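The lines below spell out each chain.
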Amino acid sequence: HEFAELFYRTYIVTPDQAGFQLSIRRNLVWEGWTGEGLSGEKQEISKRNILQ
Amino acid sequence: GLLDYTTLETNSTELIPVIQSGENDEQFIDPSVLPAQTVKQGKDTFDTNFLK
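Line by line, the protein sequences are chains T and Q.
Note that the authors' numbering has the first sequence beginning at 28, numbered continuously upward.
Note that the authors' numbering has the second sequence beginning at 80, numbered continuously upward.
If you are wondering where the hints come from, they were derived from the structure by calculation, not from laboratory data.
Watch out, some of these pointers could steer you wrong.
[What the hints assert, rightly or not] Facing chain Q, from chain T, some residues (calculated, C-beta under 10 Å):
| id | residue |
| --- | --- |
| 1 | 58 |
| 2 | 62 |
| 3 | 65 |
| 4 | 66 |
[What the hints assert, rightly or not] Estimated spans, in silico, between C-beta atoms of each pair:
| id | chain 1 | residue 1 | chain 2 | residue 2 | range |
| --- | --- | --- | --- | --- | --- |
| 5 | Q | 80 | T | 73 | 47 to 57 Å |
| 6 | Q | 102 | T | 51 | 38 to 48 Å |
| 7 | Q | 127 | T | 57 | 52 to 62 Å |
| 8 | Q | 113 | T | 41 | 36 to 46 Å |
| 9 | Q | 80 | T | 75 | 49 to 59 Å |
All residues carry an ideal CB built from backbone N, CA and C; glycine is no exception.
Looking at chain T on its own, in the form it has when it is part of the complex:
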């Protein structure tokens, strides 16, 4: 029927499988390295996308 096919594209999967996986490449920009505070616990420096 027209309406459902309009929004949701058909994707046939054989009954031998059980799902489909998405492997996404993503390019990043990030600064430096986790610098010592001479302490026990550390935060991670945010790794940021380039499209943003």
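Based on the hints, put chain Q in the right spot on chain T.
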């Protein structure tokens, strides 16, 4: 060294926990349960303990 297993072999790649007083005590178990056990690692002398 053919007759001893201490002549060769050394661990300079092990990432063994090391204790520093007043800096990372919140990561190691309280020393009121089990005192720290000294370890020999290369040329270094330091104390290690279980991770809480």
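Each hint, compared with the structure:
1. 58: Interface hint status for residue 58 of chain T: violated (25 Å vs cutoff 10 Å).
2. 62: Violated, about 15 Å.
3. 65: 6 Å, holds
4. 66: 6 Å, holds
5. Q/80 - T/73: 47 to 57 Å: With Cβ atoms ~51 Å apart, the hint holds.
6. Q/102 - T/51: 38 to 48 Å: 40 Å, holds
7. Q/127 - T/57: 52 to 62 Å: 32 Å, violated
8. Q/113 - T/41: 36 to 46 Å: Once the Cβ atoms are compared, 57 Å apart, the range 36 to 46 Å for residue 41 of chain T and residue 113 of chain Q is violated.
9. Q/80 - T/75: 49 to 59 Å: 53 Å, holds
Against the hints set out earlier in the document, violations occur for numbers 1, 2, 7 and 8.
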